[PDB]
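Asker: With the hints as your guide, set chain B onto chain A.
There are 2 protein chains.
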Amino acid sequence: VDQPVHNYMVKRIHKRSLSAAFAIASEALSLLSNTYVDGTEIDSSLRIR
Amino acid sequence: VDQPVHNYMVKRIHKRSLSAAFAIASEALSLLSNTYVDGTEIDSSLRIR
Numbered sequence: 001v002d003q004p005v006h007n008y009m010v011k012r013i014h015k016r017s018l019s020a021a022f023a024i025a026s027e028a029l030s031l032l033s034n035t036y037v038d039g040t041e042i043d044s045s046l047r048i049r
Numbered sequence: 001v002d003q004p005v006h007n008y009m010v011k012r013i014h015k016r017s018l019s020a021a022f023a024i025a026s027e028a029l030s031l032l033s034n035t036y037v038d039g040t041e042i043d044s045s046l047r048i049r
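Line by line, the protein sequences give chains A and B.
Each residue of the first sequence is one higher than the one before, starting from 1 at the first, in the working numbering.
Each residue of the second sequence is one higher than the one before, starting from 1 at the first, in the working numbering.
Bound conformation, chain A alone:
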């Protein structure tokens, strides 16, 4: 003669990640920091680029 059974199961999380890159050239930093700006319309176009 049999008896009803119960089961108890436990699972756990597995962790992962995602990464992506993003580059900036030196001239871009120089134009952004305004360290070597001359205040003329020629470099405004470069900054906007």
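If you are wondering where the hints come from, they were derived from the structure by calculation, not from laboratory data.
Treat each hint with caution, since some may be false.
[To be verified] Derived CB-CB ranges, DEER-like:
1) A/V37 with B/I13: 35 to 41 Å
2) A/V37 with B/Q3: 36 to 42 Å
3) B/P4 with A/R12: 33 to 39 Å
4) B/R12 with A/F22: 46 to 52 Å
[To be verified] Derived, one-sided and incomplete: chain B residues facing chain A with beta-carbon distance under 8 Å:
5) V1
6) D2
7) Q3
Don't be surprised by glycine CBs; every beta carbon is placed ideally from N, CA and C.
Answerer: Below, chain B alone, put in the same frame as chain A:
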């Protein structure tokens, strides 16, 4: 970690041309130039041709 890429391409135009020829005979040219018209019907038909 990968960083995105931009591509720049430049293509140049190539030149060709098309020609065709077209002649008129001396008889017809003289008729058309109205140099030797005699003011008679017999040459009006030839000029029209």
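Asker: Of all the hints numbered above, which does this structure not satisfy? Sort the numbers upward.
Answerer: Failing hints, ascending: 2 and 4.
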